[PDB]
Every structure is written in C-alpha cells, then in structure tokens.
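In structure tokens, one chain follows: the form deposited without the named molecule.
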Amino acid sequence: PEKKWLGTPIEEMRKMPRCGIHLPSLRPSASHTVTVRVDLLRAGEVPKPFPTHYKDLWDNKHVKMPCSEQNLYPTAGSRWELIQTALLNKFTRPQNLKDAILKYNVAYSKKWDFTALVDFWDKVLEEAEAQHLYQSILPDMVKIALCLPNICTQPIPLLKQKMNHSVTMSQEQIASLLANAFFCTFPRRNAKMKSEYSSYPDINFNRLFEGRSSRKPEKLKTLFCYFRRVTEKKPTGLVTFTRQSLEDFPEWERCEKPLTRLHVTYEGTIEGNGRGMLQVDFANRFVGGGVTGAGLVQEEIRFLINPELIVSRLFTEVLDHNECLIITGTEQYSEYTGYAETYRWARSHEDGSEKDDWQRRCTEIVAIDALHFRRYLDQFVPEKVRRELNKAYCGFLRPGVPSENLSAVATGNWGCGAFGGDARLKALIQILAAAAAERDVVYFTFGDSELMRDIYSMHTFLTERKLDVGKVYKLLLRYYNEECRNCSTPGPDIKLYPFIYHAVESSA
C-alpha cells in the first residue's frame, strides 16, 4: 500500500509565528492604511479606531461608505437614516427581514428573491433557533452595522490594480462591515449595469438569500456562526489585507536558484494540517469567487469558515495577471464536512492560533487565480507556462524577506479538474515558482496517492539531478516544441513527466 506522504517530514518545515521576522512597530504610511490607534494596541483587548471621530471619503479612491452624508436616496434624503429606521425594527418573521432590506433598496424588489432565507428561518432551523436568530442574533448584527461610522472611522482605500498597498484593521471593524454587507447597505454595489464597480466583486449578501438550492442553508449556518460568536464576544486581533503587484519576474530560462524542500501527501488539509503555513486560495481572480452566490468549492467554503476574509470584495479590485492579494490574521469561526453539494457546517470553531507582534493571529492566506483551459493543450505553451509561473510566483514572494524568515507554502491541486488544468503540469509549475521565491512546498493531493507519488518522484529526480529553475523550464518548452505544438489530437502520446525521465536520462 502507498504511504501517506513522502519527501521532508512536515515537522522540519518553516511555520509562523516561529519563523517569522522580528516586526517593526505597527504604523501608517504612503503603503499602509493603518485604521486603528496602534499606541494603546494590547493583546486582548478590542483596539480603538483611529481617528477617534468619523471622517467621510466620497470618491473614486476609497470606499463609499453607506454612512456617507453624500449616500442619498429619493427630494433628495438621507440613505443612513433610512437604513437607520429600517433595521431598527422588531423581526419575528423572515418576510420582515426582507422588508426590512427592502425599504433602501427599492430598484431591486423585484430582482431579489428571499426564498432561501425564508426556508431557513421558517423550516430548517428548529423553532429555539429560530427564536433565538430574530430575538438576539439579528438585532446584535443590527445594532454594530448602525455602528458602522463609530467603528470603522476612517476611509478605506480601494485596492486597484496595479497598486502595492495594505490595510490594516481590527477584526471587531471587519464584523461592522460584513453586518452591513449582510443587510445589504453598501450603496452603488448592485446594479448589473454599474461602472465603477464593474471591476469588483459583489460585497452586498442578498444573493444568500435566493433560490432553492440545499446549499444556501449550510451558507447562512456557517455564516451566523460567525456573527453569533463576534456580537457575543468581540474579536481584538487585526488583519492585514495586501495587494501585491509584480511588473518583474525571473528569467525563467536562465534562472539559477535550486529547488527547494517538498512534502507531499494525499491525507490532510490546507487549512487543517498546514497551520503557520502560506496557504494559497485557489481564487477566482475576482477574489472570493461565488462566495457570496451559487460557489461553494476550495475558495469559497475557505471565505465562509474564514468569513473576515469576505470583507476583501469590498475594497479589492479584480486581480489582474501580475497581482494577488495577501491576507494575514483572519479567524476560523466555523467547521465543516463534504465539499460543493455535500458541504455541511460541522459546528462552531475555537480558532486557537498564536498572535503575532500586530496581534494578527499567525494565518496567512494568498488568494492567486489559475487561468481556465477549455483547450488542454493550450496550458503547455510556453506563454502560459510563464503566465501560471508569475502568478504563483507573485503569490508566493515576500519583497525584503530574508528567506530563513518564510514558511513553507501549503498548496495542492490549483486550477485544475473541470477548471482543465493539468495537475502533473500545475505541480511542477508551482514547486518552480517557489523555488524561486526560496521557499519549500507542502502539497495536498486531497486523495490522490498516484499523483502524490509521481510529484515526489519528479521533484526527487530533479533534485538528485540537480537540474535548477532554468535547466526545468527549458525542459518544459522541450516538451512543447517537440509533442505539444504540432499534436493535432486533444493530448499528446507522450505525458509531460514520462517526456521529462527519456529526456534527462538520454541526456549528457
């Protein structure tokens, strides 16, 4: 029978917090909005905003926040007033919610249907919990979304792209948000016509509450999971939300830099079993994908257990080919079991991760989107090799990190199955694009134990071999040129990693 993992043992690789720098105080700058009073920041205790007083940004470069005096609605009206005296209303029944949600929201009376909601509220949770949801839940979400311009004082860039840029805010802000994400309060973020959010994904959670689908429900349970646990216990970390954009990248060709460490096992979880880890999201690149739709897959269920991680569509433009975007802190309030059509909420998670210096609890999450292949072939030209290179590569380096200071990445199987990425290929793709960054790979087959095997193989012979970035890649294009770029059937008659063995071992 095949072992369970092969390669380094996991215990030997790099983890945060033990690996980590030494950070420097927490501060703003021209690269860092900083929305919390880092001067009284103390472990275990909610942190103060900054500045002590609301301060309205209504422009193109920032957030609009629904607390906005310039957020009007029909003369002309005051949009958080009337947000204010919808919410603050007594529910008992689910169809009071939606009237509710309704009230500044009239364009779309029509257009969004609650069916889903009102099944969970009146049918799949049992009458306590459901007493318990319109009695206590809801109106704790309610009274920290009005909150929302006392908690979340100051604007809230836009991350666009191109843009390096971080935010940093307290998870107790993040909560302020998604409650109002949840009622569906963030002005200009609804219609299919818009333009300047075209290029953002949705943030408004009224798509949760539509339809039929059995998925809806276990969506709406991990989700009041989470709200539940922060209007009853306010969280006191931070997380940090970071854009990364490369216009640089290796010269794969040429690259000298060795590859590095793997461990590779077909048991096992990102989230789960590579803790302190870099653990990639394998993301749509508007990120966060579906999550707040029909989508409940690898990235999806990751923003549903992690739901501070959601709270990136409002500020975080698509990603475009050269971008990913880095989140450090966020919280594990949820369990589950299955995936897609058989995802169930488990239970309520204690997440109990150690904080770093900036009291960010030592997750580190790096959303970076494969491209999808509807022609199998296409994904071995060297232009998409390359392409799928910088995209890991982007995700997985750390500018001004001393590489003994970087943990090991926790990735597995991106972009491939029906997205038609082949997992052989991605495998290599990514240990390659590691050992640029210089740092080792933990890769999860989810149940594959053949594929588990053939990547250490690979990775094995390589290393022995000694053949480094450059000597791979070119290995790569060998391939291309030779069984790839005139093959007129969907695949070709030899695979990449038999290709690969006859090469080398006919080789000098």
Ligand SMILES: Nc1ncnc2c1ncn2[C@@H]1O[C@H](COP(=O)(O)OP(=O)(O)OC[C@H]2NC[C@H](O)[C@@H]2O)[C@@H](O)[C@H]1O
Contents of the next structure:
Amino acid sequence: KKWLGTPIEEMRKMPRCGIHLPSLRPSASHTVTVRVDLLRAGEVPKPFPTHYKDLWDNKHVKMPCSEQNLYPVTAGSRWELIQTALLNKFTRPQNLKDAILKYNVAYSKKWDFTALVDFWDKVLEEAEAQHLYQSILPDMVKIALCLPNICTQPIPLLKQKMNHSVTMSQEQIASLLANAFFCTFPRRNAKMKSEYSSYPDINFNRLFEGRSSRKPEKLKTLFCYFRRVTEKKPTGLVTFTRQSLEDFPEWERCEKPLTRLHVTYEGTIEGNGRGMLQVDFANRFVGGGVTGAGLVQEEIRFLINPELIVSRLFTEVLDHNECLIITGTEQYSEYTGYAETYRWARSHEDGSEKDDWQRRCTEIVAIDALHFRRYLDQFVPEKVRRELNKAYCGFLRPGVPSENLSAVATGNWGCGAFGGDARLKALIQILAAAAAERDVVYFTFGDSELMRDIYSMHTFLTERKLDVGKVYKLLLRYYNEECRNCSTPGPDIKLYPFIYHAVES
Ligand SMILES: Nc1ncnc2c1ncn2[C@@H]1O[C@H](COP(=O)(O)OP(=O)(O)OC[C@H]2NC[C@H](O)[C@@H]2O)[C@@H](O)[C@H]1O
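What's the form solved in complex with the named molecule like, now that we've got the form deposited without the named molecule?
The next block holds the full complex; its first chain is the one shown before.
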C-alpha cells in the first residue's frame, strides 16, 4: 500500500477551507503596489502610483532606475548607462557579456560567462539560439527597462523582526527578475559588502559561471519562464510575508492533541500538495544557491516557480524565530531527476484557482532547518526546541481559525544537505502542526520503510492519547537516558524503539 493514514481527500485544501478574503488595501503592515480599484480577472494589474516614485535609503530596495544610482564619468546616471548597454543587438554571447559589464566594470575580470557561451552555442540548436537573441533577449530588455513604469512604488526591505507583507504583481516581478538576469541591481555584488551582507544575492551573474553540466538546465528553466511572461503578460498577484513570532508554546505542558496524518512515499510536495501549505526546505538566506551552485529542494522550487527568486531582493536573513510565506506564485516548468541528475522537462500550464485578490492558491513557506555538523547534535533538547519553534512559525496562521486552515504538505525537511534524521524531524513537524492545530501530509520521497515507521509512530501516540507535552518530554528523555552519557557517536537504541519501550512500561 502506497500511502497510510487519513485519506488525502479528507484533508482541508484551499480555497475551499478559507475564510472570505477581506478588501485588499495598504497598511502599516501591508505594502500593495498595484491599483486595487482597477484589479480585474484576466486583466494585467495597474501600478500604484502611476508614475515612478523613488526612495534611496536604508529601508527600501535601491532600484537601478534611481537618479541616485551613479557611476564615475563627474557623476553620470548609471540607469542611462544600463539603457545604452542593453538596447544594442545580441548576436553572440560576448555581446551580452560586454553589455552586462558596461555597468558592472568593477567585476569585469571576476565574472566568468563560460556556462552561457556553452548554452548558446553547444547545448541549444541553431533555431533555438536564434529564437533566444532575436525574440527572447530583446523582449527581456523591454520589460527590464520599463521597470520605472512598472515598479512605481518603493519596495520595502523585509528586515529581521518585521511582521510585514508586500503584495506585488507577476508583471512587476517579471520586470525585476529581468533586471536581475541582466545584473542591474546596484550595491548588490560586493564581497566585503556592508549594507546587503545580510541579504541573499539577487543578480544572476553566477548563473553564467562554472563548467557545471547543470548550468544549462537552470538557463532552460529560467528562459522557459522568461519566454512565457514575455509572450503573454501574467495577470496575477503574489504576496510575500515575513512572519516573526515572539511567544512560542511551552512545549513541556502543551495539552493539545496530535492531529491527522497522511503519509506516502510516492509523489512530491509541489506535484501532490495543491491547495496545501507547501514547505520549502530553505536556507536562512532564502532561495539558497539558486543563483549559483546548488540544485536541491529549495533551488528546484525556486527555478520552477521563479517568482520566488525575487524575494531575495528584499528578504533579510531569517533568524531562528522567522519564516517567509509566499502566496500566489505560478509554476512555469516541469523537471526530472534531482541535484546532479536534474533536468528541465517542459513548460507547465498552472491550473490552480485564484483568490479574491487574484493570487493563485499556492502557499509556500520557507523554513530553514539547522545544518548539523554531526548526527548526534540534533537530539540535544535545545536543538529540538529550535526546530519545533521554526516549524511552528512556518505553520501557525494566527488571524485564521484552525478549521479554515489547509493541511501542510511537507517531507524530509533538514535531512538531506543538512544531515538531519527523518524520523526525528517527522515527529518534530507532527508536533509543530499539532500546536498550530493543522493536519499533515508527509512525502517520504521514495522511502517506504520511513512511511511505515512514521505512520506506526503517529498511530501509537494517537491511540494512547499522548499530547504534545508528553511526546516532547519523551524526546528530552531520549537524549538524557541514551544520548548524553554515550560512548561512541551512536547510542545503543534509536528514537522510535525508545519511545515504544518507554511508553509501554
Ligand atoms: N519535491 C520534493 N518533495 C518532497 N520531498 C523532496 C522533494 N525534493 C527533495 N525531497 C526530499 O527532501 C530531502 C531534503 O532535501 P534538501 O534539499 O537536502 O533539504 P535540507 O533542508 O536538508 O537542505 C537545506 C539546504 N539545501 C538547499 C537549501 O538552500 C539549504 O541550504 C531530500 O533528501 C529528499 O528526500
């Protein structure tokens, strides 16, 4: 049997479980960059304000089209330099390289474009390369240079400790990412960098470097997205929300019961978690190394839903008590394989429903697990409380009643690159969801024994009526009784057998 637990169709999904969405209006906590009054279905949103307003300070994104974006000639407008550079024709890779370097002269010998030249000549066919520079690259420049006219409102930086949302259009995002592709964002490339050292990289320069055989598949995935939005302008909105909690459960005395579980070894979070809160196994610098090296769960999601990539422009590094909730992004590509075997399969027509704010019903939460430098560290109670607290922040929607919350679609969070133990992390998530009072759909990603063990454990704890606080205390018991006074890196018994034994006595 390929799944276990509650049947998947008894789990709450959006937009069916949701409360009627109230009128979309700006707020001290909500930035909205489009004309709400003119917002209609299938209609490309209008910007608000109508004409470019500029801020060049330490609270908002520094835009390439700002008058204060200067370069040494006397002080010259780098924006005029960007327009000059890109309005040239592209016949070969060198002409895009030389164009991008005109306004990034400091990095003229730190930036390699080997992956791009190979993609242009070797990987793509002639009719594919010809279509790239005669249609796709020109149409990318048009939307990039229209940034002033499309992004009229300053975009606020989502800093540590801020509970704030920014609601933006897909066309606006299209423009920003087009600018990112051409590496136009100022003050965002420094290594010794001061101001944006706590933000992820935004400019795409590293997408052209290296001799990795997966660089072309990243380009294909992004050029699939760019080709799409260029041809037919997208009409949706995307909300990015930074959540930062101060009051977490007192886990040891939490009387809340466990909730329902559906767990399967077939399918994926994105493929089979439609209308559910889909977890992104993030880096605290959101997006990971999507714009560079790195091609695992987060990056892949960031590439097939590239409108997530723009979050890197305004999202400060996540502290332990924080997550980034992105609602509205569209999936543009399909893929095969994973990491070194990842490949772009084809375009994907997203058939998701949209809400009263014209966002696609796709909620993604970025929560960073801890990167454990050795296996035994994660069982230390403070590391357990941290991961619980991170997941709990990822799942909790205060302001929404629990019966109006979808299930969470998640998986082996923290247990790939970050060396976590899936059984420990599964239980952590199940406990987090229970505190947040939501159901869990778990994808073990091809692992059947893990599915059985997770189900059996959930069932055992449910039928003995043990609450969050009792299970938490068992985890603290596991460390003290079997991990603390431990001879070699491994203890004499694993977590699950310990729980079974300790509860049965
Ligand atoms: N699409 C999908 N669905 C469900 N499960 C998946 C999927 N893709 C991968 N996985 C499973 O999740 C596991 C964890 O993936 P990984 O990307 O290693 O997550 P980590 O949290 O360990 O890694 C965090 C780091 N990696 C990329 C980020 O930028 C972080 O720096 C991985 O081993 C797979 O078993």
